[PDB]
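All chains should be modelled from the sequences, with the hints used to inform the complete structure.
2 protein chains.
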Amino acid sequence: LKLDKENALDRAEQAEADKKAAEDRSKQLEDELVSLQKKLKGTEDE
Amino acid sequence: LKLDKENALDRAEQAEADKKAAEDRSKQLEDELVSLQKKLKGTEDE
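If you read the protein sequences in the order shown, they are chains W and X. One rule links them: number in the authors' numbering = place in the first sequence (from 1) + 10. One rule links them: number in the authors' numbering = place in the second sequence (from 1) + 10.
Everything labelled a hint here was simulated from the structure, so no lab data went into it. It is possible that some hints are incorrect.
Distance condition first, Cα-Cα at most 20 Å in a straight line; then the derived SDA-like pairs of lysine to any residue [said to hold, decoys possible]:
(1) W/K48 x W/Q38
(2) X/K51 x W/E56
(3) W/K37 x W/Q47
(4) W/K30 x X/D20
(5) X/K51 x W/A31
(6) W/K30 x W/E40
(7) X/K49 x W/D41
(8) W/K30 x X/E33
(9) W/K37 x W/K48
(10) X/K30 x W/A31
(11) W/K49 x W/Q38
Written out as structure tokens, the structure is:
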């Protein structure tokens, strides 16, 4: 039914939204591995 | 619709696989951020 696709799609769509969120978390963490590494090196340089 | 529960379920498996890969990266990056933070603080306290 449309409801089985809608539910499976909600899982897929939400999973894509969760990928966006998971990607936002991981790209932000990578940006923050850079900020932490940069700040680590900021502190290492200091 | 009829096969979309299946296409969307497989899409969800893939979307979940990718939100998971992104989330696994978030966790790995979270561990690295934390490691960098511990090292940053190692260097900041230093």
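| message | Of all the hints numbered above, which does this structure not satisfy? Sort the numbers upward. | response | 5
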